[PDB]
Amino acid sequence: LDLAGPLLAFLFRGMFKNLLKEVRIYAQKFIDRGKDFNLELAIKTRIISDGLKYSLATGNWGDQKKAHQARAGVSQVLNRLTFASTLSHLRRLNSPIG
Amino acid sequence: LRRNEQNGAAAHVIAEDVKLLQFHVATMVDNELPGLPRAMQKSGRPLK
Amino acid sequence: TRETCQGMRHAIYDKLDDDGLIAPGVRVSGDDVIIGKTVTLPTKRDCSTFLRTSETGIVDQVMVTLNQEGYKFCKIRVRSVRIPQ
Amino acid sequence: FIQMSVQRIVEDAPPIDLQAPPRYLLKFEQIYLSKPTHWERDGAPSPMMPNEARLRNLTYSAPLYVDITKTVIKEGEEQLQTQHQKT
Amino acid sequence: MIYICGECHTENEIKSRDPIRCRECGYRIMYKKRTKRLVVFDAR
Amino acid sequence: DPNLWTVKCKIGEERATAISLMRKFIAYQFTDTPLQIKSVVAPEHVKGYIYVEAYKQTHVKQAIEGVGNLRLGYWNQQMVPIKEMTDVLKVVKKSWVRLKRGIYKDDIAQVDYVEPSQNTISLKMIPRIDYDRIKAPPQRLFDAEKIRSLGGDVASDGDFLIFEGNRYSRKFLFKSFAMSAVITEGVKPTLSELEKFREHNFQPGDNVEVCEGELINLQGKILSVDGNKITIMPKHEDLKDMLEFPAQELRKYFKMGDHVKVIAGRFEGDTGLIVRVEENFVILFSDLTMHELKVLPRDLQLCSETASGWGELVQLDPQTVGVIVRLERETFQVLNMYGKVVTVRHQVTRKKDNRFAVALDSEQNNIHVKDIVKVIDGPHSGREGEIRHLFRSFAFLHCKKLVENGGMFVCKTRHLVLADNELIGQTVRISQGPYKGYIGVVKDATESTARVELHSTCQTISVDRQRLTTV
Amino acid sequence: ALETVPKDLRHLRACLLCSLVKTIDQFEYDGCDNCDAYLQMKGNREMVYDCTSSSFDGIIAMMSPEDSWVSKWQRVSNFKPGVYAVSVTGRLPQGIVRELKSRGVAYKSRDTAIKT
Amino acid sequence: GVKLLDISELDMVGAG
RNA sequence: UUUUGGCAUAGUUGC
Ligand SMILES: [Zn+2]
Ligand SMILES: [Zn+2]
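From first to last, the protein sequence lines are chains W, H, Y, R, U, P, Z and E. In this text, residue positions in the first sequence follow UniProt numbering: the first is 470, and each later residue adds one. In this text, residue positions in the second sequence follow UniProt numbering: the first is 290, and each later residue adds one. According to UniProt numbering, the residues represented by the third sequence are 910 to 951, 965 to 1007, in order. According to UniProt numbering, the residues represented by the fourth sequence are 127 to 146, 158 to 224, in order. In this text, residue positions in the fifth sequence follow UniProt numbering: the first is 15, and each later residue adds one. According to UniProt numbering, the residues represented by the sixth sequence are 176 to 268, 276 to 318, 335 to 369, 371 to 396, 416 to 527, 536 to 573, 575 to 646, 702 to 753, in order. In this text, residue positions in the seventh sequence follow UniProt numbering: the first is 2, and each later residue adds one. In this text, residue positions in the eighth sequence follow UniProt numbering: the first is 253, and each later residue adds one.
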């Protein structure tokens, strides 16, 4: 049962690889130009922040362009109608069809 | 493609443009093809 | 107003105040306006927020704040008592 | 996830080296988190209670930082190591 | 019109073209004052 | 010989890629990693990819390694076919120019003075500016007073002027620009541009004769068309075979008493019928008017559509309405109630026409729109016209025979003969009836009753206005 | 060598004789890298303006003309490697052409275009 | 392990 | 003096 831990770890691994690619290309630009890149400008924080925010915002899980086969239905609007309903939604576990 | 004919452009580039036009019209009439994958809209959905 | 917005929906607008918002504690039907808001044509036209046209209620609490960008945005909680029927 | 898996993922990531020649090495060493903070239009930090985020349509999120060690080798028998802390 | 700061209850008027801010707290949530229109209730 | 292989490259950076690969070749021609490719081609007008000359694809892949710009072609490559290798290098090709870059892209510019230094040429242009009023556009004449008034970067030497990024102008912009930044061949401006600063037209269905040759005097209907040497396919009279004629051998001949339209000239757009076919002076009369129109044979086409030859009510001012009597490029010819034809701008207001309006003729007979009415008194006495618009004391009459103002005139109506409740949204209080005690707001109001949304309960009900008392 | 290669994209001009593409600075400082001995535009800007073209289409990075069918079609096989132009708009005056012909160099036009 | 920072150690670089 | 207005995949819920 992957809880929030392995879930966020997997998505963080993906987004961190993407950020590594981004900083690689951005550093390569100035390094081939013949000067030192600004490391503060090398990073673009929207890969991780807006990425996780997206993946929780719509329920899609995986890369945003990979939505064709990226499994969705992980992050859901919290059931706020009764205290018992909120508890039951907190502890819910879903088996994919697969 | 019309400009390429009016340019007297090369045959292979014209043929590849014709291939692209073939794929695009086939996708317009049918974006569920068995051949080339589905065309997207630069947003991330196949077109209706 | 009809004299400044040359495109509008037929309804009452006097419930709102000068800020284009309704004061809490006003008893409202589904066809009323809760947020007086309008866009400038490239005079102006309305895109104000009405209530869901199946109910009535009381505008319970109107909160005003700034969004993540910093634009003035408001939430309005509407009460409606429900007697068993 | 926060206390172990983020840090161990960062450790498991390989170092990055680039060639123009100026050779480079990029290393990520330690991770840092503050509490959920909030910046207004003026960019002023403040603590963000979750009710404020729920009310103002914000995201109850904390900033993340990593110390980044950039060691550049100009092929003159030298390794200029500069560390950027809390990036 | 008049609004109440959501933290320290500072009543304050705000114009139609200035961002909201508590005049003694700096807080950035405001609530409208109660309507001054006659409101009545049948007790049924 | 080796074969050319296509490699996808970054768009707009092919020549830089070729320079980089040549530098790489020279930098590794003596090493243990030699580039075994032979040559690199980055054509000028072929944008997006380049060609590499080699005997193998493995040579291509091992040579382009280390080049990021070609990474989209790194995994796979496509060989140019053997028969199309010539086509890689096959290349084809007080005046007026057109500037390339800037906001004046593809704008006609008159070459005023050519600098012999061969760096720039002085060009006369029409400014596409807002005079520093919107920015913090179409062509219009350069207004000196406006940009003097608005201020900003502006320097004045009478008609001579400097403004907004060293733009030079006089009376019209007059600025220097590089010849490489303009096109010095193939502009061909129009007559309108001249004011600012042979042809063949054969259509299918048209009838053409033969003016010379062994097939002279054969009238036939056009089927096809081409540019210069048409090799036409005309369906002649009493001939099932299809013959051949170029553009020069034909002429737009037409028998009398047939539909004719004018393709160009002063008489363009008007339809009609040709009467007598002289040698070259073909005389016709329009469907609108009965005036002689003399045209060349080439200025006629066979088109069977009806003539177009509209009539909208507009407000000249709140005191006087107006009826459009001609539609023009930038103005309306409007005929008003007074009978005075005026010429007004596009930005009069459209009045709500009242098609059910009733007017009285001179004999106390009710008359409505589309009614044929005779004018017995007034300046237009004797005429008879169809009513199209109405006023309190005026009526506009259309008449096809009258060739003036599209047949539209106006006469006074007496010189013709036929041939919101205040209670709405008001807080109220039920002072009478079963609903006494309560408070509500008036949604709808009538003469007798009024809807009230009841504040107390979740309903709205109707009550007599006598039962209401305002707060 | 690298002296033949242009340094930047601005004011690229193609020669009228051998279609050699270079900047105006390189024509001013080096002349023609193939046939300056037959033209002598080094040390004179007006000679460059008379002997080079402001309008060209196509560019070839001729690296190995000895084994290039491209050079066979463009007739640049016996020249040195460099940046050549495929089609060149322009023409030398009659004096320079006559002087070249008196030295045994007939002027073949590099305008290989299909003019309509 | 991941270290914690107090709000006073957050420099005002996010505004610059 | 007359009102308008979106398509989408995903998620949950109800016989
Ligand atoms: Zn406060
Ligand atoms: Zn030369």
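The hints are simulated quantities; they were obtained by calculation from the structure and are not laboratory data. C-beta: ideal position from N, C-alpha, C; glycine also. Among the hints, erroneous ones may be present.
[Claimed, not checked] Under the rule of at most 16 angstroms between Cα atoms (straight-line distance), these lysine to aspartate or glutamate pairs were calculated in the EDC-like manner:
#1 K47/U - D928/Y
#2 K718/P - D56/U
#3 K276/P - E392/P
#4 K601/P - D588/P
#5 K374/P - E259/P
#6 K164/R - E177/R
#7 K369/P - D424/P
#8 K331/H - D532/W
#9 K185/P - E219/P
#10 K183/P - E305/H
#11 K490/W - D143/R
#12 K29/U - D928/Y
#13 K255/E - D143/R
#14 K47/U - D982/Y
#15 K628/P - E613/P
#16 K994/Y - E189/R
#17 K29/U - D56/U
#18 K43/Z - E4/Z
#19 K29/U - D927/Y
#20 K211/R - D501/W
#21 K486/W - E137/R
#22 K255/E - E137/R
#23 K199/P - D501/W
#24 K498/W - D143/R
#25 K579/P - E613/P
[Unchecked claim] Only part of the chain H face toward chain P is listed, based on derived beta-carbon distances under 8 angstroms:
#26 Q295
#27 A299
#28 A300
[What the hints assert, rightly or not] Selected chain U positions facing chain R (in silico; Cβ < 10 angstroms):
#29 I16
#30 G20
#31 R31
#32 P33
#33 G40
Hint by hint, here is what the structure shows:
1. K47/U - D928/Y: 13 angstroms, holds
2. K718/P - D56/U: Holds, at about 11 angstroms.
3. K276/P - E392/P: 14 angstroms, holds
4. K601/P - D588/P: 10 angstroms, holds
5. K374/P - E259/P: 46 angstroms, violated
6. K164/R - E177/R: Roughly 33 angstroms separates the two Cα atoms, so the pair is violated.
7. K369/P - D424/P: 50 angstroms, violated
8. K331/H - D532/W: 15 angstroms, holds
9. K185/P - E219/P: Measuring from Cα to Cα gives roughly 14 angstroms; hence the hint holds.
10. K183/P - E305/H: Answer holds: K183/P to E305/H is near 14 angstroms, not above 16 angstroms.
11. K490/W - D143/R: 12 angstroms, holds
12. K29/U - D928/Y: With a Cα-Cα distance of about 8 angstroms, the restraint between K29/U and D928/Y holds, given a limit of 16 angstroms.
13. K255/E - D143/R: 27 angstroms, violated
14. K47/U - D982/Y: 11 angstroms, holds
15. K628/P - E613/P: 12 angstroms, holds
16. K994/Y - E189/R: Judged against 16 angstroms, a Cα distance of about 15 angstroms means the pair holds.
17. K29/U - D56/U: 37 angstroms, violated
18. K43/Z - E4/Z: It holds: about 14 angstroms lies between the C-alpha atoms, which stays within 16 angstroms.
19. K29/U - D927/Y: Holds, at roughly 10 angstroms.
20. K211/R - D501/W: 13 angstroms, holds
21. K486/W - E137/R: 13 angstroms, holds
22. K255/E - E137/R: The hint holds at about 15 angstroms.
23. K199/P - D501/W: Holds. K199/P to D501/W sits at ~14 angstroms (cutoff 16 angstroms).
24. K498/W - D143/R: 13 angstroms, holds
25. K579/P - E613/P: 20 angstroms, violated
26. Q295: 10 angstroms, violated
27. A299: 4 angstroms, holds
28. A300: 5 angstroms, holds
29. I16: The hint is violated - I16/U has no Cβ within 10 angstroms of chain R, the shortest such distance being about 20 angstroms.
30. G20: Holds, because the Cβ-Cβ distance from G20/U to chain R comes to roughly 8 angstroms (cut-off 10 angstroms).
31. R31: 15 angstroms, violated
32. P33: Result: holds, 7 angstroms to nearest chain R Cβ.
33. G40: Status holds, d = 9 angstroms.
When each numbered hint is compared with the structure, violations occur for hints 5, 6, 7, 13, 17, 25, 26, 29, 31.
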